[PDB]
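Number of protein chains: 2
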Amino acid sequence: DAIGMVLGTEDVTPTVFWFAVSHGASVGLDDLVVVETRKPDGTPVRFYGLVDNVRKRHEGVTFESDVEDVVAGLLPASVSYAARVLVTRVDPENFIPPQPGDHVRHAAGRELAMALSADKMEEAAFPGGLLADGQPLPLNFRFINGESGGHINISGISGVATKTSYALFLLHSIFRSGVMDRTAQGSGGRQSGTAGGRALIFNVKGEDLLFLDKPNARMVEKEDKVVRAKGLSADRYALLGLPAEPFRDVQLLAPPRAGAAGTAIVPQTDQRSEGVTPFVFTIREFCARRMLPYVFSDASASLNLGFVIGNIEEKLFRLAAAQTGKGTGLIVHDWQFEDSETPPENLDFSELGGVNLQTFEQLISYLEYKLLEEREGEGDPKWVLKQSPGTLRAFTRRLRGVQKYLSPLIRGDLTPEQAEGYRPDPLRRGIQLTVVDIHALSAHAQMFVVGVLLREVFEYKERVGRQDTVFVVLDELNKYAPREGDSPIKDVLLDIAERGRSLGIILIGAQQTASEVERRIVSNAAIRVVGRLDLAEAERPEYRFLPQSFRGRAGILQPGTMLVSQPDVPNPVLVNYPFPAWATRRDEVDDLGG
Amino acid sequence: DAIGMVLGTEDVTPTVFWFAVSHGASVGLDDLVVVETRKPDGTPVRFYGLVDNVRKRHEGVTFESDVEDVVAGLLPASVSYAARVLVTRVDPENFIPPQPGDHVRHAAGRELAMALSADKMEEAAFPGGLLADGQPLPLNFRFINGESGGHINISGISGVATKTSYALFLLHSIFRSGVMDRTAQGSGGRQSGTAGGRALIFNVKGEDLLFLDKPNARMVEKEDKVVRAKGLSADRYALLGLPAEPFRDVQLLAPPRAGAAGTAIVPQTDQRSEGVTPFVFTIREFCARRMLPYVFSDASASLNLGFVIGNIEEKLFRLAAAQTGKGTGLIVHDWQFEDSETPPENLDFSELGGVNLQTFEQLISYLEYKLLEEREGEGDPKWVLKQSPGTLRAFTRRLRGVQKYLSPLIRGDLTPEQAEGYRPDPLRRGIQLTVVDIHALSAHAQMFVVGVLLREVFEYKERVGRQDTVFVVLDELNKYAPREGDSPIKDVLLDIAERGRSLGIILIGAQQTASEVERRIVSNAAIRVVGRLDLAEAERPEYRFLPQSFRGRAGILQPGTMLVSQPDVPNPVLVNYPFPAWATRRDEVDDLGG
Ligand SMILES: Nc1ncnc2c1ncn2[C@@H]1O[C@H](COP(=O)(O)OP(=O)(O)O)[C@@H](O)[C@H]1O
Ligand SMILES: Nc1ncnc2c1ncn2[C@@H]1O[C@H](COP(=O)(O)OP(=O)(O)O)[C@@H](O)[C@H]1O
Ligand SMILES: [Mg+2]
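Note that the protein sequences, when read in sequence, are chains A and B. Count the first sequence with UniProt numbering and you get residues 13 to 606, in order. Count the second sequence with UniProt numbering and you get residues 13 to 606, in order.
Read the hints as simulated data drawn from the structure, not as lab findings. Incorrect hints may appear among the rest.
To be verified - In silico EDC-like links for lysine to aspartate or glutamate, alpha-carbon gap of 20 Å or less: (1) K226(A) <-> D282(A); (2) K217(B) <-> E510(A); (3) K234(B) <-> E385(A); (4) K217(B) <-> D480(A); (5) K398(A) <-> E390(B); (6) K398(A) <-> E385(A).
Said to hold, decoys possible - Label-pair restraints from in silico Cβ distances: (7) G200(A) <-> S312(B): 34 to 40 Å; (8) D603(B) <-> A37(A): 42 to 48 Å; (9) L41(A) <-> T27(B): 36 to 42 Å; (10) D603(B) <-> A14(A): 40 to 46 Å; (11) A120(A) <-> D131(B): 33 to 39 Å; (12) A406(A) <-> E326(B): 46 to 52 Å; (13) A241(B) <-> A246(A): 35 to 41 Å; (14) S170(A) <-> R260(B): 56 to 62 Å; (15) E471(A) <-> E373(B): 40 to 46 Å; (16) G442(A) <-> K237(B): 54 to 60 Å; (17) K237(B) <-> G497(A): 47 to 53 Å.
For every residue, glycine included, the Cβ atom is placed at its ideal position computed from N, Cα and C.
From just these sequences and the hints, can you work out the full model?
Shown next, in the form of structure tokens:
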């Protein structure tokens, strides 16, 4: 039943020590063990620890070429199988040394709970993945939902480290474990419900986050091989107390077909058209809800246009509040264009002689007249508050650059019912997971939609309060929150990281290297997960929470294998987690066989 | 009675040396020891120290595979139990080595006092926590009240390290140990009183810092377990000479129900309604006491609005000094609004044709008029003061963005008596502890309240003087005093750190990592305390006061275990402190269970 004995040839310190592996037992690199030592007065002191180094030496072989004789039986040789243990816990916390010869044994039952501080987690423990020998690793939800700890940060080489798919596994674990229930017993209103929970996620890389609403045909065939190979009792999900089933209550939203002058509205998706709902903003919303700054996120040097943008934002806001009509466009009455080079065919003209702006192009043209033509090119003084003409043209030119890409999204030609039906609500009643398909959008349109949608949820939580947890799963954090660049979308993320704990917005974010992301986003994550990391980044300052033992291991980490670090447990523990039950590509949705 | 003997196999130097543990004795890692050696001429020299390394070896084992046989007795081997002693003090200051074979014994009586420099502390020593075996740790109050020492800085993993709970323990020890008396009698005029010691603390994270008035139902069940396990003589509080009771005279202040257009005033309290008093500021107080800059504390790039803020601050200051009325609002006579988009409703129009500003939004609207509409936009040059319109709308817009969150706190509609009663006074007569509930406020409203309150106490001490000690207990020191940002709330924290010693304001600050806080705040902390530190941060330059021997140990410190480092004693000492006698959550007050 024991696994080894504490070695005496090496120093035995309370923090770290070596032990010799017993015959007939194997010790893997990441095994969790427990050793119990006796004090002089006879009181026990238990040491819970994790293996970080493992080796084998040949005892007494002398010259190396003796092996041929040695293994033939001619020369006597003993094999020395040794393991180093990094102590994570001392239950009576006497920092005394164990005695050499104390029995080392695998932490398997309550001993494992003590080894992973599961007593500190209490009911808030939920499946975080599988350990070496099929024992689920317990994550403390109180360090994920804001109660005691913030959000999560996942890192690793894209394509190899499985961060996005792991984040979806964490979502499945959180929704399917009842951990939101158990930890909603904490109080009646501080945080409450497992039904209340919601998740918002964006489909940046094209068509990969759709088919969460269809089961993965391939899961059992790939997962059978793992259960066959590692000799597990069952499929991993059942080991977790998790079901091997896809996401439920899923809302799929996509931009409207990039329709050029077409009133017909259909989503852009080629590979999936069923169950996909188009989402659009309206010109009047755009001005009423102050969406203008979220067009501006350059992730480069640029200038300080904050004055210009702030002024026109307020001008549009008061304009939209002045609108009395039910339409989705913005009616402006002060647009006269003798020779502002726009054509007169298509402008819908109001009953009161006003011009009704129906497309994003018109909204930008009207911004051009007020800023650069209102009075023979010097512009409307009330719109350009003495701002430089160059500064104006930059602003205008960046709006022009993205309007070809953003125009289908922001529509003033729609009628009021179409606008209320197509309006993007990541918090719609009865929906648990909302996927926003921004894959066909441009690098600018993408962060526009991400910007206002995150802001809309956050504004909603400020206004309403914090008894519903909303999960935002965001890949490529560096572009959204760059280390030195300053931007409005970054600002909303700064708001979710720093204030979202007590507001109820949890970020499960991922990036290839945390060193390219804003320090304040990475710093505010209680849970840090590491996939296969780059050999150069492992020694960076952002990954010191990995002991040196772990970087070399972290360079060859296999897909499906992650190192999670959570505040309760002072060491990274390695975990594997099942394949997605949810389809992650089109052919995994095969209703009828292959 | 002895514990070991100085070893002769390792070097014996006066600063560091090893000794062999006697059989039947246990030597923990942080134990305090004394060894006495004899000079050639017969004079004794005492060495007091602290263990920093401890190990066990197998002496006389050739191969590690022999280990199993060794335990049976088949082969011969002896266990070597050795400890390294980091010398902290020599009674006679002679830097001569102790001879191998000198006797090592636990510092237990007067010897313990000599190891912890308690003779330097004199009457100013007070309990700072419990040592390895039940003896209280002396803390030098003179290094906390400003006489020879200053303030306190606590570092550690939030949620695991118990820094907030420890800080309240320090208040409890300071108030209930009569140390304020003992060290007040050196000269009564110089520094006077245990009744004159007060505390101000802020309740940000949850409803966690209310119910400090109420006893903790759960602490006997939790503290019984520790006394049972560690074989201590009594409950830890009795060991310290401290009582297990809550704070004596407490005042709980809360924001006013976020009342929308409601004259009724009630605290925002949802779980604790009894004993909570609402606090409010008045528009007139806002202008008279110069509360304007403290709205602006973004702690980022921001802008140079200091000129704008300084101008409008002085303008509102002279405006308030000109006010003759008894009302709480500000009456301005130069506000005309022919098309300012303002409303025709009750402005409590004055008898003299002036407008009486009663809400924060009105004050911002009047500011918008003077700065952006006065002379059809260019404004009153006694207000805009040649400042650009972009900067002007920026100052305006940031006031607008924050107005919704700060409006319920700043009321000019209140009557003079409601104002004098609801005014927040951390120094109220007959109060020892003041708790400010800002958990319901936004990130901006919180920074505001903390700013003007800390400034109010600081101004009062400048004006009055220093025979009352006021303790400010502040968690999350990284957001309030960032390392690189610059804000007014950081400036009052800087004034407290650099001047608070001789003014009587002592800061008990806590943050996850000292490396994220302003250097000047952390540098002026005479007492540094460390709970479980991040593996990454222990090697940072801000934690060099931890010797390398401690780092690995500090990575795994258990909740309730802290390393205090004080100027008198040259090394960090590990301590344990009781569970809170005061309730720290709702169900702790009245659980009636077990
Ligand atoms: N548990 C797993 N084991 C192995 N491969 C997995 C596992 N889960 C997902 N994958 C696959 O490995 C890749 C996962 O990477 P993904 O998370 O999509 O990208 P990244 O993590 O770089 O954002 C995809 O090929 C995915 O289908
Ligand atoms: N004396 C104590 N010993 C052990 N745990 C304690 C003690 N006092 C409080 N705790 C618990 O430890 C945690 C302390 O976290 P807290 O102090 O609130 O946050 P932080 O330490 O980051 O400021 C909470 O679970 C608290 O109930
Ligand atoms: Mg991805």
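Verification of the supplied hints:
A distance of roughly 17 Å separates the Cα atoms of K226(A) and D282(A); the hinted pair therefore holds under the 20 Å criterion. For the suggested pair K217(B) and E510(A), the alpha carbons sit about 12 Å apart, so the restraint of at most 20 Å is met. Distance restraint check for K234(B) and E385(A): the Cα-Cα separation of roughly 75 Å exceeds the 20 Å cut-off, and the hinted pair is therefore not satisfied. As the CA atoms of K217(B) and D480(A) are separated by approximately 17 Å, the hinted pair is consistent with the 20 Å bound.
For the hint pairing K398(A) with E390(B), the CA-to-CA distance comes to about 11 Å; that is within 20 Å, so the pair holds. Distance restraint check for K398(A) and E385(A): the Cα-Cα separation of roughly 14 Å lies within the 20 Å cut-off, and the hinted pair is therefore satisfied. A hinted range of 34 to 40 Å holds for the C-beta pair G200(A) and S312(B), which are about 37 Å apart. At roughly 46 Å, the beta-carbon separation of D603(B) and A37(A) lies within the given 42 to 48 Å, and the hint holds.
The beta-carbon spacing between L41(A) and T27(B), approximately 39 Å, falls within the hinted interval of 36 to 42 Å. For the pair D603(B) and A14(A), the beta carbons lie near 42 Å from each other, so the given range of 40 to 46 Å is met. Separation of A120(A) from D131(B) is about 52 Å and departs from the stated range, judged on CB atoms against 33 to 39 Å. Hint check: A406(A) to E326(B), Cβ distance near 36 Å, so the stated range 46 to 52 Å is violated.
For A241(B) and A246(A), the Cβ-Cβ distance of about 38 Å falls inside the hinted range of 35 to 41 Å, so the restraint holds. The hint said 56 to 62 Å for the Cβ distance between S170(A) and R260(B), and at roughly 59 Å that hint holds. Range check, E471(A) to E373(B): Cβ separation about 18 Å, and the 40 to 46 Å hint is violated. Between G442(A) and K237(B) the C-beta distance comes to about 46 Å, which lies outside the given range of 54 to 60 Å.
At roughly 51 Å, the beta-carbon separation of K237(B) and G497(A) lies within the given 47 to 53 Å, and the hint holds.
Comparing the model with each numbered hint stated earlier shows that hints 3, 11, 12, 15, 16 do not hold.
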